[PDB]
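Okay, here we've got a single chain as structure tokens, the form deposited without this ligand, with questions on binding and movement later.
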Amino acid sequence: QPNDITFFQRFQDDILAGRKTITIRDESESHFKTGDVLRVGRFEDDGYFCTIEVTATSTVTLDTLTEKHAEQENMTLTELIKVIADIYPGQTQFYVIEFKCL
């Protein structure tokens, strides 16, 4: 059973505990959609750790990321923008995937 999506393992505990319920991705992962059931692995070792159900998707830009996006990331907004500047340098167009761990 291959993984459909991966996360940095520093997110694993937040996802399993339900503290992190969205992910913000670039055009590479814009194909996920409400109702998808996805096997999730760690980015570093591809260890499966959960199956998620996508509950909502939306587009977002750097300048329209909100406090509520940050809360759903278990982050402050300033922290979230810094994460995005590191993982998606120079990018401004993103896609929000909201999910629940099954």
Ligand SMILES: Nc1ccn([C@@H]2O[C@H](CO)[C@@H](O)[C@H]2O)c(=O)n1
Given for the second form:
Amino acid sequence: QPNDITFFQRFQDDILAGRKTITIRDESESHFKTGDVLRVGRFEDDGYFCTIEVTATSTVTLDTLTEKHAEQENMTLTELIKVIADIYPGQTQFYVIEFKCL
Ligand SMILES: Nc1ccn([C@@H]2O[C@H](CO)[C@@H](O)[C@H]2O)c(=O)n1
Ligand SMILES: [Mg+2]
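Form solved in complex with this ligand, following the form deposited without this ligand:
Every component of the complex follows; first up is the chain already shown.
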């Protein structure tokens, strides 16, 4: 059973603890949708660590990301924009995946 999605492993504990309940992705991962049950691995080694259920999705842009998105990523807003600037350089169109770890 392969993984459907990965996260940087520095987020693993936040996810398992329920501190991170959304993830902000680009068009490459815009196909995930409410009701999806997804196997989740670490980006660095593809090691499975949980199965999530997608509970909501929405679109967002760089200039419409909010303090609340940051809070749900378990980050400050400044920290979130910094991460996006590195992961998705030059990009402005994003996709919010809200989820719970099963
Ligand atoms: N909000 C985000 C966006 C991305 N990522 C990780 O970065 C990889 C490449 O985008 C993704 O495959 C994922 O591992 C993340 O952990 N959190
Ligand atoms: Mg940086």
